[PDB]
Amino acid sequence: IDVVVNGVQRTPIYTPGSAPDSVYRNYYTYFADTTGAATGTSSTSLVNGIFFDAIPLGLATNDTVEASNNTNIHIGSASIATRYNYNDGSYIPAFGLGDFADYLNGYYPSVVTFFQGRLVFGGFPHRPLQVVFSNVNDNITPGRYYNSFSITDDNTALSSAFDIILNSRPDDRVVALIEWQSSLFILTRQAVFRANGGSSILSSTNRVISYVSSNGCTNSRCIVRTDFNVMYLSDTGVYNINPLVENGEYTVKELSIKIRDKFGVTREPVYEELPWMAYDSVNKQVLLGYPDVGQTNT
Amino acid sequence: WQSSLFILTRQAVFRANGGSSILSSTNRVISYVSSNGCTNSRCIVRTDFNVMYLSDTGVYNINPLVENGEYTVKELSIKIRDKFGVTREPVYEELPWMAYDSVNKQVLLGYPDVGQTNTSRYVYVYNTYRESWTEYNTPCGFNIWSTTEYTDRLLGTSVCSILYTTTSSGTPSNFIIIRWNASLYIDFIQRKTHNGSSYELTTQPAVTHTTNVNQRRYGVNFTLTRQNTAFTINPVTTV
Amino acid sequence: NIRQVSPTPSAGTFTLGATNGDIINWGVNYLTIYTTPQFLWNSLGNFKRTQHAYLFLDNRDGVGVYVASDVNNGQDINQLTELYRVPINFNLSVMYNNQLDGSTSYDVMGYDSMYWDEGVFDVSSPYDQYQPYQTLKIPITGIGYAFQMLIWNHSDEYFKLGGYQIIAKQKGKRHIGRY
Amino acid sequence: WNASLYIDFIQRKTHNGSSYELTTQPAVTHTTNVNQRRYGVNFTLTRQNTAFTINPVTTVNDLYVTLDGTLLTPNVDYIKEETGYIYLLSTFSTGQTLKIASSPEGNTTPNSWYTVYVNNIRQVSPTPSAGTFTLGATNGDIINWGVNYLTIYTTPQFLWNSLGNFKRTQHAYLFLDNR
Amino acid sequence: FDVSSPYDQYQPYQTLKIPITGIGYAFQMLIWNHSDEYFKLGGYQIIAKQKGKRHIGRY
Amino acid sequence: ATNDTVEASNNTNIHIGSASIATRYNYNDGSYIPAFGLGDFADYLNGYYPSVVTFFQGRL
Amino acid sequence: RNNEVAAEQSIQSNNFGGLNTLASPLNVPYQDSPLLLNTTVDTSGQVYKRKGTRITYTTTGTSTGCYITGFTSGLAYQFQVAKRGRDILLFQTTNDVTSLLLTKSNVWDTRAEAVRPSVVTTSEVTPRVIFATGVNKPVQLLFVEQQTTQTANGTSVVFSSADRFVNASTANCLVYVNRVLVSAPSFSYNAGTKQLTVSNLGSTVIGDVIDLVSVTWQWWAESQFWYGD
Amino acid sequence: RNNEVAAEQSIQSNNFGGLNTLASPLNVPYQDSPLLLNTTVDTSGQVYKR
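Chains as they are written, first to last, in the deposited numbering: chain A, 360 to 657; chain B, 539 to 777; chain C, 837 to 1015; chain D, 718 to 896; chain E, 957 to 1015; chain F, 419 to 478; chain G, 11 to 239; chain H, 11 to 60.
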């Protein structure tokens, strides 16, 4: 556990009355469960909370506190367990991301996008239909952007982070996220959902999820925006998302209706990651990389 | 469906829309869509284009109106109306079912007949894009309890159904799970390694009658026999 | 993967004289029928003498053959190799005058075995299956005010009709009945 | 994408007396069995990485077929079939190596599967050695080399609304832009 | 003389008349290329005459 | 305490299978899961229970 | 007359209309068919024979009010959850072979033996399948999963903090070793320290992934929630 | 019949429809191609090499 107060890293206190105990803005670590609480006595003590009861008590009312776990597991071997100091392999604090991503078992977000100035994480192995939106840009910490993911009663502003839970068919997970025509399209492996903030921004109190279609997407690399529409690759072909004249809600239209026989290899899970879509704006073209049976690499 | 909640009651369709907010205690407005109800909870499906449900008279989708944005119903099984209508007796209401096969963009409808109160007997396939209908038929009937879409650990997404092939005093005596779209063109495919044992067959399609000297005409199909092992015959009388 | 003559079942069970370790696949045949709309040339009384039916079939799913690597338990390799994985054959029945006593051409793709003066060398039977797209000219000679075609099958054989065309000529209104 | 030449995997180099590396030659390899006569050529039937697409016109000799290093004849020793198969007509044994490589100019120019430019002048492709070829060019010359690919445009099938009537074709007029 | 080969390439817009004599109930064209050469087809037209129904097969 | 949570449940295992138990969920089989306020609408004495379930806007 | 006669002498390739049994044989459109049996009609108008059905599972016994649905649990693990009479069945299908894994007997009573339920699944951390019969209490089937890595070469593995597997047995718990199901694992739970030892796993190499999936069933009991105030 | 026959004796310059592998060879529209390989189809209906 590394604690940074007002931009300066602070030293933990283990034995009361020691040398770092008389330094202001220093902290103790502790563990608490149903049977009581125990304060950390050494660096190897198992703790999950902090407090600031030093010889000088507490902090100023506007001091910023950043407590981070610097355990470099589930990451490459060139990483280091120190805070970012214009070096390689350091860590950047993600405020509240651990409340949704399992940093112990290794479940981490897999789909990322931007919507209304907010960073959006969509795909969790253990939370397949949960989408997390960060704060609006640099509202929590001036200078740093899209760093807050905490949803608590500490900050109840509409510009803070929030989340959406989707209800759909079994064996369904979020595979793609995109922004199009004032709406956010969440393409899950078996469905399409739409989030519209209306006349206001998409916040915790202004989220309405619309069910577009029961036709899902393959992966996050099979969604593109062209000069006219938004396209995605499904198990049966290529589908674009277009509004309805009846009520303004969005439906899907099959663009690869003439080449349906060339699609359908991706209903085996091993072939789902291979296909991709890219948009060539110079020639007004869409490139589709599609796999075959027998080649599982690309 | 489409920001709305559709409540299909046995004789009506209702819509609940929260507007720009969620559906809460102070934000519920119930709209009357149609007087065409639904059969059961397993006769509602969502396709890639619409929402489909089975009523007493056919299959209807729910679609919005251009005039004001309100929803109405459109009959999709307009060409096969004569194949529906058995479900206005309460005993046949639970039997029919609907399932969505997203791999082939099809809707499978299990529909019952008169004389078979255990399960549905006929399967009708609805190709969604062309709004088209066809029939899947097997000897002794497709007696299906339920059909769903599953994931085989090797073959991928597939469609399976639960059936019975042998009947004991009007009660099913076996439980079989089958998968659609097999590699061969025969029904109820079984694979076995030969170890010197014998191979079990399903029920032979046949009908049995007790002849009366004053009666010379005897039915062969299910409509005229009401027997479980009744099969469909070639309409060509010279075959 | 070799179709056998079905033995007589005993008490819902049958036996085979196969070698131990052989793979056995068995199932029940189902009846497949495609019916064309009735053609009347906008006349309920005029006869129409049919001459030919042209059927356009797609055989791309049936042009595949078995290879030597599909041999199981040291079976007869020559019986399996160059054998079509998906046999293609169907029946064509034509009925007239709203009656169901029509004329049937049974095996229009050809024989599934080799015949003298009919089979070809180096091509597995039927040799009409090996063409990815095939056009079959079936002579259907009959007279009626209304005619209709059923393309059907009741075996393990597969067909894929891509199109059809019926050639006919118009005669006088001389229909009297079936009896 | 969208290079200045009409060949794939274009590589440019300055000649310094060294050799030029080529990509994988499009070819498929089979171990012949005496009871099997049909061997697939495309990826759908071979599942091999170096599998290429063949010209659908069966009268075009776009293949270089070798049996244990011996070149085979397009019509005397094998047959190019419409279903992505090659049928062997001659006598062979089990365990022999059958290699089918892409040679768009036939058996006469087996190296015709790639194009070499020396100072914007097309040269006769030399025989590669271990995926590498040498040129007798002057030092400082610019060498551009790449792999040829098959380009096909197919017109819709013309039937004149008749599946039985013959159509004698006389001429095809093609209007081309050469700007 | 004075025109590089092919001399039909030097015309910005060209029309080629190609005699294709054959008989069949269905006919089809492939415009193909397996070399470094480039083509740009702007249009095509087929001339044909009708004959009466005598197709038997390929064998 | 003002923030104490209280859950009072009827553990009568009637109108249910014979393999059920009258104890709270403790990673067991046939135990009961508390449904807060469901008895105000479903008749747990005469056996009238809901027959259709769906999900809408994060609500069962 | 000309339109109909020319259409009936024309090539009929637009057969995408499917089955039409309501129109008279005189009035059936040229795109439709008056009798389709076991034929699949393509979007392009091609009519082909339908594929057959493959029997993946067979058993003998009385079955009434049956239902089946597909499910995927917390990890990528696909199952088939079925109701057969009074019982709940868990299936797993691989290469057209379906294996019965768990059988929860006597979940419902004789009144709901023949009643088809309304079924919905939840995408929670611990997923569950909700069965609703009109005559019995709502039922839930809960899946609880844990994952671990093997540290030693042997036939046993140790799950730490396995406080959710206090009643783990063959009738409740399934064990997967490198995504392969173990036929007969043995469970031993320690009360003093939260540890579950799973043995009879076979040959386990260091670094192998062991997944523990406990499937349980509960009923919904009426309750009231209040705060202390 | 007249429409199709006159269309197939007409100049085919509107080839902008691209590839159509789903339709039968008898049912492929005159704007479509049943087999396109390495050909770029322009908006105006011109088919050139890629």
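If you are wondering where the hints come from, they were derived from the structure by calculation, not from laboratory data. Hints may be right or wrong, so weigh each one.
BS3-like cross-link-like pairs, simulated, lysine-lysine; straight-line CA separation at most 27 Å [claimed, not checked]:
hint : chain 1 : residue 1 : chain 2 : residue 2
1    : E       : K1005     : D       : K730
2    : E       : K1009     : D       : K730
3    : H       : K59       : E       : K996
4    : E       : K1009     : C       : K973
5    : H       : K59       : E       : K973
6    : H       : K59       : A       : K621
7    : A       : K612      : B       : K612
8    : B       : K621      : G       : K61
9    : E       : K1009     : A       : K643
10   : C       : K1005     : D       : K884
11   : D       : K730      : H       : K59
12   : E       : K973      : C       : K1007
13   : D       : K730      : E       : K973
14   : B       : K730      : G       : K61
15   : E       : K1009     : D       : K884
16   : E       : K973      : C       : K1005
17   : D       : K730      : C       : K973
18   : C       : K973      : E       : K1005
Simulated coverage check for chain H against chain D, where a stretch passes if three residues somewhere in it have a Cβ under 8 Å from a Cβ of chain D [unchecked claim]:
hint : region
19   : 12–20
20   : 32–42
21   : 49–57
Beta carbons are placed, not taken as given, at the ideal position from N, Cα and C, and that holds for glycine.
Outcome of the hint check:
1. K1005(E) <-> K730(D): Status violated; Cα separation ~55 Å.
2. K1009(E) <-> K730(D): Not satisfied, since the Cα-Cα distance of roughly 61 Å exceeds 27 Å.
3. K59(H) <-> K996(E): The hint holds at about 6 Å.
4. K1009(E) <-> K973(C): 10 Å, holds
5. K59(H) <-> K973(E): 21 Å, holds
6. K59(H) <-> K621(A): Status holds; Cα separation ~22 Å.
7. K612(A) <-> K612(B): Roughly 20 Å separates the two Cα atoms, so the pair holds.
8. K621(B) <-> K61(G): Given pair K621(B), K61(G) holds - Cα atoms ~23 Å apart, limit 27 Å.
9. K1009(E) <-> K643(A): Answer violated: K1009(E) to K643(A) is near 47 Å, above 27 Å.
10. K1005(C) <-> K884(D): 22 Å, holds
11. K730(D) <-> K59(H): At roughly 25 Å apart (the allowed maximum being 27 Å), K59(H) and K730(D) satisfy the hint.
12. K973(E) <-> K1007(C): Answer violated: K973(E) to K1007(C) is near 45 Å, above 27 Å.
13. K730(D) <-> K973(E): Not satisfied, since the Cα-Cα distance of roughly 41 Å exceeds 27 Å.
14. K730(B) <-> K61(G): 20 Å, holds
15. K1009(E) <-> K884(D): 10 Å, holds
16. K973(E) <-> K1005(C): Measuring from Cα to Cα gives roughly 39 Å; hence the hint is violated.
17. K730(D) <-> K973(C): 60 Å, violated
18. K973(C) <-> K1005(E): 21 Å, holds
19. 12–20: Coverage by chain D holds for the region 12–20 of chain H (3 residues, Cβ < 8 Å).
20. 32–42: holds (count 6)
21. 49–57: As far as the region 49–57 of chain H goes, the hint holds, because 3 residues have Cβ atoms under 8 Å from chain D.
Violated hints for the displayed structure, listed by number in ascending order: 1, 2, 9, 12, 13, 16 and 17.
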